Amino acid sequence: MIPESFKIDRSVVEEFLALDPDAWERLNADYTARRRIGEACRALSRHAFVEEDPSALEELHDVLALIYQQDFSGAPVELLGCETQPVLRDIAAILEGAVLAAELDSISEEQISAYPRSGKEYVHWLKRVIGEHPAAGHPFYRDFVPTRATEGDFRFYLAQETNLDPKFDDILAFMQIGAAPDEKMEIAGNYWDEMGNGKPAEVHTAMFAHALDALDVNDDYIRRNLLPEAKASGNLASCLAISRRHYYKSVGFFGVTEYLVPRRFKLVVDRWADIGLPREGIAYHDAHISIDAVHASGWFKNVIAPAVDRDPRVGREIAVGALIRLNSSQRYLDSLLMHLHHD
């Protein structure tokens, strides 16, 4: 299969996904080919995060995005017999470990150690910590959107947001696997809300797609305009949700998400109305402004506080996940605003 040391990129992984079931079985039996895949991933990781080559960084997130696509998407009939896990999980573990190591390089021990070791108190501490971060009040939402954002700006912004919102329901489904009762209940009700409480017209992914349609945020536009930090943001969300061991990070990552949505979406929706854009986008953001004040409150009170009270050691992991969401959001919004300013 792989008779030499090679370079790995998205096209290489696409070739893998075109293999037939017997070819996959032969690849899985060849630990020499698999060692070469792993060594190639470690080389890509060095280029991306040690050398910080922007081309390698985007290539690494393109690779991870392709794998998470397999983890999150309904499998196609042609791929049903293909055992992709031995190779794809090795690639993902290597590139994920590099992505997470780089996030942690921006997180100091002093930020994640002085938390109160009980639940209600921890929530006050975390909200304060979130409020210290600039991503909690980023000028893209506070200044650019109310004063300048055009339809073309919103189209480009929505293209970036496809990294996350279209898979919120399955992120929650992954997160709640094996969760303790109080935490599981709260995540379950959040998921049921994402599922429109049983009404197909109120399913959040369906409503989000209508906002995309309203501005012709089509698949090809998305592919051409997705920023590297949008890809990283989407890959972080997937990485944390699909491993049990990242659950507490995930609790902080999506806790920040729920907490911040109402103020951000209120600014988007007011400007959207001000410039006469269609009502479909009003619908998706309108829902969340009210819904996510309740989701955020429930998340702090019924996921974060019980987990800390059960084992306060997890307060460190939750704070790490919160800071990862904030840092990655900041890089995403700064990159977004920089690109929007240029136009």
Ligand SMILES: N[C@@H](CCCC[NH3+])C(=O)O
Contents of the next structure:
There are 2 protein chains.
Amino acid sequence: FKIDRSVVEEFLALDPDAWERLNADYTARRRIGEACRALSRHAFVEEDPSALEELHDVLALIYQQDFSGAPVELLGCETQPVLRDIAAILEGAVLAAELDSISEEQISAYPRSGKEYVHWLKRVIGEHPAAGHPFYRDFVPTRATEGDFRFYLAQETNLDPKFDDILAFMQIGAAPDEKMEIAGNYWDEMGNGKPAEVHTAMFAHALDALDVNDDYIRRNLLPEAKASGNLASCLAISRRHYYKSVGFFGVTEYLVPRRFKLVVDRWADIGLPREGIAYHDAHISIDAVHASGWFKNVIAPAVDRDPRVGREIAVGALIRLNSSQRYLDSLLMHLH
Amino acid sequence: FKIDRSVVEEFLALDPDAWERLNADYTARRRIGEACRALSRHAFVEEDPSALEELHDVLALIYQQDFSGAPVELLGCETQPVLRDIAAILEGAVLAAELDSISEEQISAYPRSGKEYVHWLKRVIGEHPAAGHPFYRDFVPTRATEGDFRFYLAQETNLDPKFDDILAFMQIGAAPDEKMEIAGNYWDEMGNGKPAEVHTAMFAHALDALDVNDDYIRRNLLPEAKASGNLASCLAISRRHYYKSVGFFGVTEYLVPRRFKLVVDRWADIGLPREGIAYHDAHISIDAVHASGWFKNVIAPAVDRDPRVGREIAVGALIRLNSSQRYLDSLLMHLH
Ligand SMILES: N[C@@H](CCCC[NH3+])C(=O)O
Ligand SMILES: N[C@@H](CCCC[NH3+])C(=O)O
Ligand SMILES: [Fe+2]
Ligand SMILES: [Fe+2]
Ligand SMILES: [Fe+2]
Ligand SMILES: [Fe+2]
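Return the structure block for the form deposited with this ligand bound; the form deposited without this ligand was the one displayed.
Next comes the full complex, and the chain you just saw is listed first.
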């Protein structure tokens, strides 16, 4: 028995009684798990490109159930016993592969106090090529066309359309200082209460401005873009990945202003719809404040509370940087 | 093989390799599930009081992992395959028992438009005895002592200490109007950014004012209080329970002002610490606004979007009312 996206699609078509029957059958569930481990092996031991994309198509479908409003037809279907087993197996393989790229020396030399840790982390980020990737530094200012930006924005649907809920998952159970900062960040994503300023709505308008429609996205989404989106989902939704999440989205906020400024200037230079740039325009200022608040009020207090979490935060930062690098290298390569 | 709280405690003591070994052994996992179904039968078919409390002690331990910041020692432990199977089985039994108390006629006669549905729901709530329970209407104004309030507050740790995260879970994936309202409610729970006004912090101060310490809570928490807390957790953390959640916490906001006004007036009448009443004092005004916003901006738009969800919202409201009734009846009975 093989597992792939269509198999999980079929699962999600079952009615509530079919799900209950599947959930009671641990022989069928063992078979599902074994199929997941085999898919994992093809994806990350063999590194078969098709199996890797299949694995991320499966994870993306499951996270869709975690992150999207459930349809009325699914309300009685107990999907957690099977979907969480599938996600645990494929996630474990995805994360083991990220960790294979991270050395112990990268994640252990940090100072064991909060303010010092922030300086160290900013330096560690600055050394990574993703912090100044040529897609933003060279390709965008000098060559990016409307067709380029439309392809790029399609990749970016992996993260931006769900940033508010990533923050809402993350802050669950967080200590007070960290929680307060993530809460204020979430409230900013929610337009501070003004529907026109909600960030997902403004991102959607940029997508409409370049006709980044759902079918264009489906055809053009890169495997590395899928993996980036899946990593962000994976880390946000488990409490135990919280400190990884802190590093992963700390890097994210930190890098947005330099990246979006390059996109915005080029977007205006080639006369693209001023309506669409509003999303990126906004974040250039906002995320300088978000990055500063995140370092000062999330990362530094967590490290001061328990310096052992500096290692987790560093892992999550490097996961963000490494996966961003693979995504931008693949993106630039497809854009020629 | 039997399952109980201590067995799940032992699971949570395993190291990451032990969890990985357990997760790969579907024979051990089948045995765990079968033990859960047997515990369920004792709890809800036999209605053995001890098995029922054991079942809710197990669920409470699992939800603790879902809602609490993970300790550094647990960060590498993949608990989802087993804990989610246990939760799915015990939850299914808890919810089937709630639904046994809900008739089809209760949840089908509603008007299929949002503003009308709100009037109908408010009437349905008004007919339930939990909407004017004698614990608040008779016992509190005339007899409640400091020792009574301390016992009561211990029961209330089932819900209030996690209300902000219940809202954060709920709003995941919500449609825009509903999301905006839940977001503003969450931001209010977060003191609108002022740490002194964060609601969990003010609830904790009321607990300190009466010495509602962790050991007092552990000894005095009633089984119905545990079930109330577990219901709230169960509904909030699954997307498919969202519309139940909408009814469950809609009833919650609606009932707070009348309930807290009675508690506050009596608290002041018997000279208890003015510091502690600040929590309840605040909510009397705030939750009149929260209830109005919830009906107008969560319930009515959801029903106007898809009237089929009126049935789910009604189920969740009645689950709240029924479980509140059992909890307050048991509470009043223990207070003599
Ligand atoms: N997609 C952006 C992050 C935007 C964060 C959402 N507010 C990036 O990869 O740089
Ligand atoms: N424990 C309260 C609900 C308080 C809601 C938290 N802000 C009740 O049962 O009425
Ligand atoms: Fe944003
Ligand atoms: Fe931001
Ligand atoms: Fe509150
Ligand atoms: Fe409220």
